[PDB]
Amino acid sequence: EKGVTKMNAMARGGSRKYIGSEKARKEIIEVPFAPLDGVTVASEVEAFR
Amino acid sequence: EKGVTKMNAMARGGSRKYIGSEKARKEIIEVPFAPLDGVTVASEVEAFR
Amino acid sequence: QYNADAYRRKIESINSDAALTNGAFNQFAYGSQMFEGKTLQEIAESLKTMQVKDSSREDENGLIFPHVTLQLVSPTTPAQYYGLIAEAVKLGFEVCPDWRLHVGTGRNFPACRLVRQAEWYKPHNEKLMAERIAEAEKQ
Amino acid sequence: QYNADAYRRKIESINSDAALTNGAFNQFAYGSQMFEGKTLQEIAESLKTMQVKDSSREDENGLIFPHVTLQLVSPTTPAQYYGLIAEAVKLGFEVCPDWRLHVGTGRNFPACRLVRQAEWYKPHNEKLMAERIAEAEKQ
Amino acid sequence: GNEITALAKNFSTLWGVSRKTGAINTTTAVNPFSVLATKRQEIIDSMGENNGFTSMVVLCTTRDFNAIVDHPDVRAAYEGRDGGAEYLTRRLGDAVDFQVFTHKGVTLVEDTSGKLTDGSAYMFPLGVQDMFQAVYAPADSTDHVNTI
Amino acid sequence: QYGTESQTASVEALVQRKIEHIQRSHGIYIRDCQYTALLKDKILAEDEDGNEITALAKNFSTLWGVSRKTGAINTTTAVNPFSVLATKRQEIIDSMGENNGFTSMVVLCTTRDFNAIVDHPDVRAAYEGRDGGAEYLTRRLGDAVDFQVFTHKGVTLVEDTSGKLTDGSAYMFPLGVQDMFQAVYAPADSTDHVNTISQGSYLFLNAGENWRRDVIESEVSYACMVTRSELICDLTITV
Amino acid sequence: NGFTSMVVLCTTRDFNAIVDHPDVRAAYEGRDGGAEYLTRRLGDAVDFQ
Amino acid sequence: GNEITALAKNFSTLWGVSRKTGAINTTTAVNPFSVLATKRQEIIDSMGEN
Amino acid sequence: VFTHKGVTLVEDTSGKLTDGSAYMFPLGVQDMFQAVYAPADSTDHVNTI
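Here the protein sequences come in this chain order: A, B, C, D, E, F, G, H and I.
According to the entry's author numbering, the first sequence is numbered sequentially starting from 51.
According to the entry's author numbering, the second sequence is numbered sequentially starting from 51.
According to the entry's author numbering, the third sequence is numbered sequentially starting from 34.
According to the entry's author numbering, the fourth sequence is numbered sequentially starting from 34.
According to the entry's author numbering, the fifth sequence is numbered sequentially starting from 149.
According to the entry's author numbering, the sixth sequence is numbered sequentially starting from 100.
According to the entry's author numbering, the seventh sequence is numbered sequentially starting from 199.
According to the entry's author numbering, the eighth sequence is numbered sequentially starting from 149.
According to the entry's author numbering, the ninth sequence is numbered sequentially starting from 248.
Source of the hints: derived by calculation from the structure; they are not laboratory data.
Some hints here could point you the wrong way.
[Claimed, not checked] DSBU-like, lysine-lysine: derived pairs with alpha carbons at most 30 Å apart:
no., chain 1, residue 1, chain 2, residue 2
1, E, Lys263, E, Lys187
2, H, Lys187, A, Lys56
3, E, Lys252, A, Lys73
4, E, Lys168, E, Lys157
5, F, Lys263, A, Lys52
6, A, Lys67, F, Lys141
7, F, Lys141, F, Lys168
8, E, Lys252, D, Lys86
9, D, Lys123, D, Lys71
10, C, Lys171, C, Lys123
11, I, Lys263, C, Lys71
12, B, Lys67, E, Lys263
13, C, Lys155, D, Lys123
14, F, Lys117, F, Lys263
15, E, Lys187, A, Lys52
16, D, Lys81, D, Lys123
17, B, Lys73, B, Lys52
18, B, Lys56, E, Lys157
19, F, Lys117, A, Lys76
20, F, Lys139, F, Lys168
21, A, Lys73, E, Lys157
22, H, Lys157, H, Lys187
23, F, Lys263, A, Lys73
24, B, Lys56, E, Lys187
Isolated chain A, as found in the complex:
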C-alpha cells in the first residue's frame, strides 16, 4: 500500500524525521494441511536404500 514506506513529504533539515510504519493491510490465514501418507512399504529396503 502507498503509505508505510512513503518517504515523500519534504520534512525539514534539522529535526522531525518521519518514522513511517504500521497501518499496513495484513491478514493471517491458516495453511491447509494435506497428507499423502497412504502407503505400506513391504520390503522397499525399508525405503532406506
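Given the coordinates of chain A, assemble chains B, C, D, E, F, G, H and I onto it according to the supplied hints.
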C-alpha cells in the same frame, strides 16, 4: 471414475493421515510372461565378465 | 462404382449451388511454364474453360472446377500476377467473395481465387458427366 | 512559386504519358475505416475519381493521381481485398503492368496497384490546375 | 469432496476487491481484441501507484484460442505474424511449446492441461510485484513444529 | 552485526531484502519528484499532511520566466489529432533556437488517450495499415517493457502505463536536448556529512539513541529541474 | 475434464480419405504448421500427418 | 480520533457471521417485551445444543 | 531434396553415380541393407570379434 486428484488439503498437525483406500473398485490380473533366451554367447562375446 | 453417384452426385456437387459457398474444387495456375510465350489476354482466355490435369487423384481431368486460384511464384513478376487478375475479371471471371478461400500452396503467400462463369463450367460439366455415365453403362 | 511550373509542370507530370511507366503519384487505400458501412460496388465507385487527402506534403489534395494502390491490412478479410480488385476492374480500373510497382507500406505485403482511367483523372486534373493557376495569378 | 469453509477463504472478500467480467462472442463481427484491449485498459486504470508489469496475458484453452485467432478481424494478423518469434514469452522461455499471440497489447496464451473449462479465459498482468504469493507451512510433528 | 565480511548464508538474504525495500521506497520518491517536475513544473515539496511547502516548491515557469505551450485535441471531432500535433511540433521547433539537437518528439500520454487518438478515423488507416514495429528507435532501444509507441508525422506517441498521468493530459516535449532536464542530489543532514559530496541515497543504523529498538535511518535529498521549460507543450484530450 | 487433446488415431488411407471430403478439403488445404503440441512437441522425430 | 481501519476489524465480517437487530417504540401502545421474547427464542435457537 | 507424389528425389553430389542412373529404393526397411566387419589376418586376431 469421474476424476482422480490426490494430495487433498487435510487438517494440520495431529490429524488423520490416510495411508490407504477403503471404498474403491479394484481388479486383479496375471501379467503374461515372455522370455527371449534365443542366443548363444560366443567365447569372445563373454567380455561381459 | 459403375456410375453409382460417382459421376451423378460428384458432378452435381462440382456444379452445385453451395460448392461456391464452401471450399473444395480448386484448380491451381502457378507460374513459370504457364507464362512461356503467351500474352496476358491469351493466358486469361485459356484460363477460362480450362479443364483439370494430371496428378489429380480425385477425377484426373474431372471437367472444369468452379474455382481457379492463381498465385505468385518466384519466376513471376508482380506485373504478370496482377496482369491476369485484371485481364480475367474484364472477361467476366469474378473473384471469390470469401476471404478464407484465398490461400496458396502454404508458401508463395500471394494467391487469389477466381470463380469461373456458370456458362463456362456447368454445361460442359453436365455434358461430360452424361457422356461418362453413358460410356460406363455401355460396359 | 506563383504558378512558375509548380502547377504547370507538376500537373503535366501528374497526367503525363510516362508517369504510368515510371512510379510516383500513388494513392494508398488501406482497410479498417475504408470498409465501414460500405458495399463492394460503392467502394469501387468511390475509389474512382477519389482525390488525394491530408498528410500529403507534396500537393495535399493534388487532384487524382494516375495510380491507386489497395493493400491488405489486418482488419481486412481476403474476401474484401480481392473483392475490390474484381469489382474495380469490372468498371474499367485496370491494374498496373509493372511488377516492381506492386508494393505496400513495407509490411502488409499484399498490395495491388490499380491504374485509373484517363477520363477520370486527366480532365479533372487539367481543370483543377487551370483554376489554381488563375487563382494564384489573381493575387 | 466438500469445501471446508473454515479454510477456503475467498480472495476478493478477504481484501475487499472484486474481479472484472467479460464477453467475447467470436461468431459476431465485433473484434475480440477490441474487448480484450478495453479490459486491459480497465485493468491498467486499477493499478495506479507502481503500475509496472512485464506483459498482459490472456489464459485461454485451445478451443478459445483458435476461435479468437480465427476471427476475420484477426486472421490476417495471425497469418502474417503468428508471433513471428518476437514475443516476450517466446523469448523468455524458448523451450516450452505452446501457442502465443501478442496483438493490441494483450498476449494470448494457450493452456493445454485440461484444468480450464472451455469458454472461460482469465486476463491478468504478469510481473506485478507481490500480486501472487504462496508459502509452505511446516509439518504436523512436534519436532518440525516451529522449524523452517 | 555488520556481517558483510563473513556473509555466509543469511546475510545475503536479509540484507538483500532490506536494501531492496529501502531503495524501492526511495525510487518511488524519486519517480514522484521526476513526474511532479515534468507534469506540474515544480519541485515536489510536501508536509506530512500533504500540504505543499511554498518555500521549496519553486515553480519552473517563474524561476526562468518562460511559459509552456498549451493545446487541446478533441478525438470526437473531425479534425485530425495529428494535424494539431503537427502544428505544435513546429511551435516547439522554433523556440529551440539555433542549437537544435533533439532526438525525438515525445508526446507521452495515457493508455486511454493513446487508444482514443490512434482510433481516430484519420489515424487508424496508418496505425493499422502500417506500424511496422521494431523500427521505431524507442522500441528498438528499450525492448524491455510493455509500452505502445507510434511515430507518425515526426510525432512519437508513447503510452505511459505508470499511473502518474491523469487522463486527458498529453505532454509533448523534445527528447535529447542537452541540459534541458537536470537532477541534483545533496548530502545528508549530519555534521559528518556536511561539506561532503552527495553519495546518492543515504542509510544509517541508529542503535544507541533508544533502548526499545534499533533504528535504520534513510535520508535522500533530491530535486529535478526543467531549465528550458518553453519546449514542453501540455495538451488536453477530450474523448 | 483433465484431457489435453482428443486424438483420432487412424491409418494413411483413412486419414487421406476422411480429410479430402468436400466439407473439409479446403480446411486441410489452408492449414497451418502450428497445428497443436503433437506437431510441435513430437516434431523432428516422427514424420506423421 | 479517526479510526485505524487496519486494526478496527468488525467481528461480524471477521467470523463470517451476522448479528440480530430489533425495532421497538414504547410510546404508543402494546407490550414491548414480545419482541424481546422473540429475540430470545432466536438467540436460544442460535445456541441450539447448548 | 524434392518429395513429390511420395517419390523423394535426392541429388547425390558424391560423384559415384554416372549420369542417367536413378536408383529408386525404399528406405528404413529392416534388414534390407546389411554390413559386416571381419577380424585381422593375424594368429592373435583369429577367432576374435
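Quick rundown of the hints versus the structure:
no., hint, result
1, E:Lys263 to E:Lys187, "23 Å, holds"
2, H:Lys187 to A:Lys56, "49 Å, violated"
3, E:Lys252 to A:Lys73, "39 Å, violated"
4, E:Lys168 to E:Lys157, "19 Å, holds"
5, F:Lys263 to A:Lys52, "13 Å, holds"
6, A:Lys67 to F:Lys141, "23 Å, holds"
7, F:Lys141 to F:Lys168, "16 Å, holds"
8, E:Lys252 to D:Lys86, "27 Å, holds"
9, D:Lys123 to D:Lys71, "18 Å, holds"
10, C:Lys171 to C:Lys123, "43 Å, violated"
11, I:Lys263 to C:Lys71, "42 Å, violated"
12, B:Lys67 to E:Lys263, "27 Å, holds"
13, C:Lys155 to D:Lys123, "23 Å, holds"
14, F:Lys117 to F:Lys263, "26 Å, holds"
15, E:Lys187 to A:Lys52, "24 Å, holds"
16, D:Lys81 to D:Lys123, "12 Å, holds"
17, B:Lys73 to B:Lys52, "15 Å, holds"
18, B:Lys56 to E:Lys157, "21 Å, holds"
19, F:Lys117 to A:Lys76, "19 Å, holds"
20, F:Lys139 to F:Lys168, "13 Å, holds"
21, A:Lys73 to E:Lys157, "23 Å, holds"
22, H:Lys157 to H:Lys187, "25 Å, holds"
23, F:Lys263 to A:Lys73, "23 Å, holds"
24, B:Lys56 to E:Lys187, "36 Å, violated"
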